[PDB]
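Here's a solo chain for you in structure tokens, the form deposited without ligand NAD.
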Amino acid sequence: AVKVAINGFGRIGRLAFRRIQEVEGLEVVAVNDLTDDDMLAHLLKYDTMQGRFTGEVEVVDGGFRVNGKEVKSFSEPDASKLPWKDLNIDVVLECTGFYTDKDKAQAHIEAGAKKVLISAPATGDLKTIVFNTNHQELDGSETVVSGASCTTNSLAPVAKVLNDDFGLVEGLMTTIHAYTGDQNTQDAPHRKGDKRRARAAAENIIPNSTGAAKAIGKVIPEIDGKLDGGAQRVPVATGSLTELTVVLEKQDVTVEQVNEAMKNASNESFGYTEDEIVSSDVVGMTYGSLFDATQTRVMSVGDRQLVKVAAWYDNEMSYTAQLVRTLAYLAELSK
């Protein structure tokens, strides 16, 4: 199988582990995190929004016993000193937050893994990849790859259809977003100075910033610069919705043409629904974006149109499943 190591056992790594149990041909052989394995198991066994774990987890000496396999654990802050050489590590899923610079992620490579996928936006001379949107830009010469953001993966396939079948001029975004753990529980000083994230996370509508629309050009170059936008974090623990309002070059555009162009590009990454769903219905899904045709909208005043669309995504598992897809493809580029 493809031998995967996870660096960081946060929400993302733990869900990537769960997800990989569902994907044949991938095995997590190693998990590196500073937390004690007792607590790590407990956060793996139990999950507030993603549910109980499917199977049995137990802490054994040197790691965990999970569904009858061995996962070796490490508590090692210098990733260059992890034994990726002798574990024959194919891909590292980098989920710590301390390694989003390519020059800094080359430690996994020096520790002898063959390829690293950063589970965040990343800086340096690397490629940023949204699976099924532009992974066909990977030629296998890459050793460090960005997995983009959770919001980019909800956006990109919607923007690519908009732009491809209608010209894209410009557009703006709002992701009504689930609150995350970098928001405070009660009103208190926030570690990065953010006055809005400083506020009780489950009691408020909280504006905040998002890099995803501004960065999209890294995934779809031909629309680089043409998008920007924000977020509003609201009290659901996971589950998100990206609204996009655009101006298109093609004139006289219908709701029905938009919806039809999205449906035509459905696949495993990009879903499509016409059902009247809410956020909790997408918790745990494995689509990267679930285009919602109940919300397509065309405002027309003379020759001039504003077009608005919305796509769902579990900012946890939607992004995890796209990571695992890209993770595997990186491996398969080794022949």
Given for the second form:
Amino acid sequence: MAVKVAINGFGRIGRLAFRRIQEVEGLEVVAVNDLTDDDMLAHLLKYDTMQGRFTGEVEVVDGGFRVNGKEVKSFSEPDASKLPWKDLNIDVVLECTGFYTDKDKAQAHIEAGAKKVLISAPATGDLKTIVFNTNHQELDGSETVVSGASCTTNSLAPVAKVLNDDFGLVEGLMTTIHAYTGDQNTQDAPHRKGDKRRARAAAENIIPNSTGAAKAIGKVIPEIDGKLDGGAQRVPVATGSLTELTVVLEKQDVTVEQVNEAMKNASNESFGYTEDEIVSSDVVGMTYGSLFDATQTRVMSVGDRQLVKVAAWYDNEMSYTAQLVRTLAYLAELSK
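Same protein, different state: after the form deposited without ligand NAD, show the form deposited with ligand NAD bound.
Coming up is the bare chain, nothing alongside it.
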């Protein structure tokens, strides 16, 4: 009956993927895997610094833990191949560890016994990369492994599409003012990936860092492949981010009114429209994958030449999770 989901890596996205699936019919989290015991998991689910107390009742039992009456088998196998997926009849695995961001790598879940895997990040290898309500239609059924893209890709894609579909994108650069993440250091320290900037203190700094989101957009919107590039500035807020896209268009004499009105026509559950003057903390916990802020739309014109600047908010945590669970639930209902 219900689709059996296992969340591998019960961290920020795993825990939020969990909170989201409670209120989704025919989608059930039966298993959860991490590198810690049930006691820490139950607690980190109950309490969230940025997102707030879990609405239901998390209670810890033998093996796993019970949420609102139902039990969830918890594990701590670092080797995904060794997890009891076939025994549990797992239909889909939410790969949220950040260590299986490759088609061949994530195959360990399929080797373990899962039918499908969805990775909560951009992934190397031959697979579809799915931003929901932008290209979830390219999913047909045959898929064993799928990438849920990055948070920034989910914020960028729907604005990137409206821009090219309606105006004809010549080229563009993107910079995202981003909240800090787990991969960053609390203090000045040697970094695991050798990055000298993620090495720096996340909460006391403006930190530049590279992101694929812009350069990798061709995987999601093939028609604009290799028209966007750019990176990120990482700033001291614990969640919530903003994408800024500066573009050159084919249509001349483009006005500010046009750009905003075109975004409002393209608004769904995934791509929001706001004319209110909000800040990063106002989007904390929002379920829009991308929220177009109409007040930040700017157009430079020196004669018959234009530059078009736009901005979209995204709670890199919840915003992305909402999209991932959407992408997940769709992929699952595509199996019969």
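Rigid core here is just the name for the largest C-alpha set that superposes within 1.5 Å across the two forms. Residue numbers count along the first chain shown, from 1.
Only one of 247, 265, 109, 237 has its C-alpha shifted by 2 Å or more between the two forms once the core is superposed, and that residue is 109.
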